[PDB]
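In this view, the complex is presented without one of its protein chains, the others remaining in place.
By letter and in written order, the chains are A, B and C; residue numbering begins at 1 in each of them.
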Amino acid sequence: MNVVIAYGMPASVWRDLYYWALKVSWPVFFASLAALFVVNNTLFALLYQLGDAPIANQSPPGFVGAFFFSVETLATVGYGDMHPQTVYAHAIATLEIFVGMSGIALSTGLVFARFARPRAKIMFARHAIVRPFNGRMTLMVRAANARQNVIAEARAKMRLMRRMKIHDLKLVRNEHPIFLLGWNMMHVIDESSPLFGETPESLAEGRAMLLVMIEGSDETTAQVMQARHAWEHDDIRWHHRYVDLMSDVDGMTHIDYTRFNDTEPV
Amino acid sequence: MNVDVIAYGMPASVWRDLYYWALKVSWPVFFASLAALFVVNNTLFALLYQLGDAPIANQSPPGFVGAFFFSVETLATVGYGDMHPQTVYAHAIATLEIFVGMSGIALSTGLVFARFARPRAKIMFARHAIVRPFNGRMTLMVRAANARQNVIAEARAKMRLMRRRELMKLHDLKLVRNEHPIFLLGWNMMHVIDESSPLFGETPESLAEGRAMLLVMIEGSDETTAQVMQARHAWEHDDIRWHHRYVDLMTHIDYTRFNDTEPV
Amino acid sequence: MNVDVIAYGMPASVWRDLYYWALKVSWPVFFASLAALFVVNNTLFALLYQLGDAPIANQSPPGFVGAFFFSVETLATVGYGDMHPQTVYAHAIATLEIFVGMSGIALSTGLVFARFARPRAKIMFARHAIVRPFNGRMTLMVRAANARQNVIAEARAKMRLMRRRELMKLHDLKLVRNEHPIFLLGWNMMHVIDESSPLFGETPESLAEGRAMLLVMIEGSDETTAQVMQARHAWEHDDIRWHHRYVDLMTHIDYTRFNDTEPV
Partner (left out) sequence: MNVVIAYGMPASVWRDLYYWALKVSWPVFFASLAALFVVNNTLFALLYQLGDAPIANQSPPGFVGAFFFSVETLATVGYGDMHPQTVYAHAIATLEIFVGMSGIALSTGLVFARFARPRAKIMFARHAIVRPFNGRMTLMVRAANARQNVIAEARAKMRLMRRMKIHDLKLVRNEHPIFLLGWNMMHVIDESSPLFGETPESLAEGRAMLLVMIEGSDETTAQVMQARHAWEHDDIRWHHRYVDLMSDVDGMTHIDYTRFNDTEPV
């Protein structure tokens, strides 16, 4: 196809910062660096004014000159129009360089660290269904590859949480070969099923919860991406079916996602 | 917890799509693209410079072309120094252009490695599959082999069948061998079509009738990067040749005759 | 195929050992180390400069200190230009110093990210394990929980036993549950000591006699980087408390009382 309150576990402001460094959006990433870039120069520019006769030909003479020189020395561009006169000028200048490169290095580190973030995301049907299939009462939930990055050859595990014990639900099929389109995961509610004999009311009574999870590899980076979804009992629709998301035209069949989490009683 | 075919209807943000091409594109095209992006980036600042008169000291050649060739100076952090921001505004732009430039380099480099990271070892499959009498029973075979310079040995495989039923039921075809130790040469994967086989009793015509499809998939690790590379192939029913055999490539092996067969 | 305790007696090349510390070391120490490596690197070239007289034009302060502060100029590709290689030799050094410098930056950056790459999510185990009557039978339990900011949910675990036999036989203790869906809080891993259990009929004294040891291991993926992080823990027999229970941390949970127990 084309197109709770933790208490006692030590947290560090450091790690939290990194977390946002990755969760944040691109535009916000740089703007943040900018606001961090300016701040970094302001700091050295001031550090320069401390000693008089800092940079030769410091223009515009004053703080603004010491600033626009900072940006020069920090990025290793070094025009040379300015030049450390006094020893102290150098001492600062030199220390500012070590900072600058480390500056670049860390940013670049983050920049790639962000690229590394897995790409292929997997959408689940906001609603799950229980419907008579091939004679017996089965349960189904469908998911499908959602980003440009493909996951084919994906395997899945389906669970149940209720009053709090955790039950495994045997899937009719555990792995899916050509996931590149969509997947309709389903679990038969026969004698062995932990769900056997459980009316919609019987679920609520025990605060039931359905947990699915699909793992698979991004064929493009080898990164093994996993994704997870949870349904509340009031999110399972009884005796419903998934609106078919796959038309056909000119002998060519396509698949419309526009109506992905939509259902219709049987 | 806190301390104390084709698809339609997809998202598809322009950003992500751009990155995708940044990786799918070929090397030459990668850089040329940057070039065309590099020029564009300077043109933009050069213009931004002309806005204020007396921008760069000794701006030669005096005019737009000078402001351009200065841009390339300030953006790459090379900074000859022949030019120099005179007016405050000159600096304001210059300084903002630097932050951009480095970020420029950083992103490119990020992409550059992001491309290196792409898994390397590719696995070719025989454009044609076969069903032939082997050791008494009617078995099915398809062969694949490591294709790039990067090796995959110790590779495991899963073989599937897709047909229409009463929906496209996906069946697991039991392979005679699931894993292959020394894959460094080639692999002849095969599935016996006995009583248990979902393919048992199915004439070539019987396949078409249900739009049958064979899906194989081989996973294994690139011993050189540890990257676990997977590859996949699909055969249509008219791509299975009946009562055929794979021409023995082979001490010399002629991978040219890889997907070639001969009736028994 | 071509087209057409402590250990002794180990290899341990100095290079690899250096890299190991490059990653084990703490951030502050990382840079300071580079600094001390940065200075050293210039001192070396500055001296290399003094060898030939009339090295850098306008070398200020005239003397070694000038040749130093020029080094830092030429090594970081900042190149103010106040100084300039006069003599040919000046250039020869200067040019060779540049190749070094960039390689300098490149390697550092390489390390810098190589450190970022280090898996983040860490998993703490209860310093003490317990054996207690649960649901009728004598079972054994140990609990662990996600410890860093980075989450591991959907984690699976393997539990082992090491004792001396007639060699240190390694036995697999069947866990009541092998995988845990929502690990985002905590996990209470437990193994029933019935007839099949290799621990069946073994008094606390019976353990020591054979130098018993409990080895657990939890694997799971950091949902944020896809990196599959594993963690491991070992208990000595005197670290198992008999007929005890884990103090319920818990809506608030006090992870401070994590490895605390109370007899039943």
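By definition in this document, a residue touches a chain if its C-beta (ideal position, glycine included) is under 8 Å from a C-beta of that chain, and two chains touch if they have at least 3 such contacts.
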Residue among B:19, B:64 or B:80 that touches the chain left out of view: B:80
Residue touching the undisplayed chain, where the options are C:23, C:29, C:37 or C:208: C:23
On chain A, residues whose C-beta touches the chain left out of the figure: 76, 78-80
Residues in chain C touching the chain absent from view: 1-12, 15-17, 20, 23, 57, 74, 77-81, 84-86, 88, 91, 94-95, 98-99, 101-103, 106-107, 109-111, 113-114, 117-119, 158, 160, 162, 170, 215, 217, 219, 227-232, 234
Chain B residues that touch the omitted chain in the full complex: 31, 34-35, 38, 61, 69, 72-73, 76-82, 105, 108-109, 112-113, 116-117, 120, 147-150, 153-154, 177, 179-182, 185, 221, 223-226, 228, 251-258
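The criterion applied here is as follows: only the chains that are shown with their structure count from here on.
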CA centroid of chain A to CA centroid of chain C, Å: 24
Whole-Å gap between the CA centroids of chain A and chain B: 21
Distance from chain C to chain B - Cα centre to Cα centre, in angstrom: 32
Where chain C touches two or more other chains, by residue: 77, 79-81, 185
Touching two or more other chains - residue numbers and ranges from chain A: 4-7, 9, 11, 76-80, 104, 108, 112, 224
